[PDB]
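Below you'll find only one chain, the form deposited in one PDB entry, shown as structure tokens.
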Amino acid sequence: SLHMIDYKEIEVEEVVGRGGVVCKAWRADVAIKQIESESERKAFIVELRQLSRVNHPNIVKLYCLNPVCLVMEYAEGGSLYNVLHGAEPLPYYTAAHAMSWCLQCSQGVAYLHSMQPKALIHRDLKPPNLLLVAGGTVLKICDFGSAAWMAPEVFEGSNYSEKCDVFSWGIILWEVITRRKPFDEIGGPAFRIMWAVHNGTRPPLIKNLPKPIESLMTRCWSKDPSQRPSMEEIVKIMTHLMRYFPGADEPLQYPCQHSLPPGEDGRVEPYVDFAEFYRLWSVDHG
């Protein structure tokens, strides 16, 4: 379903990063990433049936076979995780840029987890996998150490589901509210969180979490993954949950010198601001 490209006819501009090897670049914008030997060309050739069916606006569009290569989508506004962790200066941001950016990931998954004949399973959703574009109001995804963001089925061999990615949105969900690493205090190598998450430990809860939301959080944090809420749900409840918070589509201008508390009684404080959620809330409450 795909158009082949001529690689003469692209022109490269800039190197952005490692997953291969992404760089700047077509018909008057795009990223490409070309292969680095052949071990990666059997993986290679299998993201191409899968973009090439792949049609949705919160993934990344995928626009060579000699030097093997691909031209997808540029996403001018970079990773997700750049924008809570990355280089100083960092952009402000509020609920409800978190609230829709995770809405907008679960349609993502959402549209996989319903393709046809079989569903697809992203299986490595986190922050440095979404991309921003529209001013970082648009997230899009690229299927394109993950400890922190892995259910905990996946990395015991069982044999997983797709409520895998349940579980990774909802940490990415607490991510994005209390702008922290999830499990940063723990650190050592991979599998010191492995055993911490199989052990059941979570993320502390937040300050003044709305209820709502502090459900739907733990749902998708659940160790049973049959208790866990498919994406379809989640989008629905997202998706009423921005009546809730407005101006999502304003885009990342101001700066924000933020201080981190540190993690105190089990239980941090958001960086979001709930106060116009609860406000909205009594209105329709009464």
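Take the two forms, find the largest set of C-alpha atoms that superpose within 1.5 Å, and that set is the rigid core. Residue numbers count along the first chain shown, from 1. Compared with the form deposited in another entry:
For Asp224, a C-alpha deviation below 2 angstroms is recorded between the two forms after rigid-core alignment. For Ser37, a C-alpha deviation of 2 angstroms or more is recorded between the two forms after rigid-core alignment.
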The other form holds:
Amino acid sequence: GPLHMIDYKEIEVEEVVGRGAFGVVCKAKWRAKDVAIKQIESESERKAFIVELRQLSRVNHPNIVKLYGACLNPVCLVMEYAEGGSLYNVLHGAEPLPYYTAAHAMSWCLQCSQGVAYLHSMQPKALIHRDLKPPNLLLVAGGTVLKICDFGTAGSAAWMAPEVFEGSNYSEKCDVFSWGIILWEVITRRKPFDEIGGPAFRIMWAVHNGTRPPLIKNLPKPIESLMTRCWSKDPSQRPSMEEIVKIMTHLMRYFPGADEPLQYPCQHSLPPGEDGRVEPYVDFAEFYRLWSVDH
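If the structure you just shared is the form deposited in one PDB entry, then what does the corresponding form deposited in another entry look like?
So it's only the chain below, everything else dropped.
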């Protein structure tokens, strides 16, 4: 795909917003447009920079970040600016947190899977993201449109498939595991394996033994099936991302109002930690209503 060579004199850096998977993201202006620039900081992030630049350029999809171009002095990428911030920040970040609905949660997960499905259909070899998690998912258009960023692989223990941290023969089915966890996360508004915590290896061990995050009380069985399939030990028993996009598209019939921008605040307090099952943040009342009207 097309790319622009950037003169750094054409960039006016406004403020530093935070760090990506590598480097530093800064809000900027270029060609009088609102951009986000990602500067390398460690010089050891050179491999990551080359990988992201290599992938983002050939990738072209509504649910993957627009790469506008690159500047080589100093070494930085010029991408689109995400107004809403990361999905992680929307779920768990700074108070006051925005209120969101089951429709949003389902819509976000559909959009995410849409991007990943595109990546998995790349020619001649599939493109695996290898790092799917809410900090690498961005929200634009008032939090109604999701974009995948941070392709530096193409603190992640909670979203990683068991075969990945085992160094084993992993395929694109590891992305499917990640998506499974993300689905659980947006439904519950809980950090996966927050209960476990510790350092990384404590989660890795838990997941490796077959620990998955707790089941959700009152969750629809078709969503529950999809979720628990996505996080099977055997990679072959997980669905394809092509199948996930189709299933999720069809469930959106029972999730209307997904295009309503995040605007209402939320004062969020959490139920007891481990009961076996957890309460969803979102309400499935309307789902069940619209379902029984059809079925």
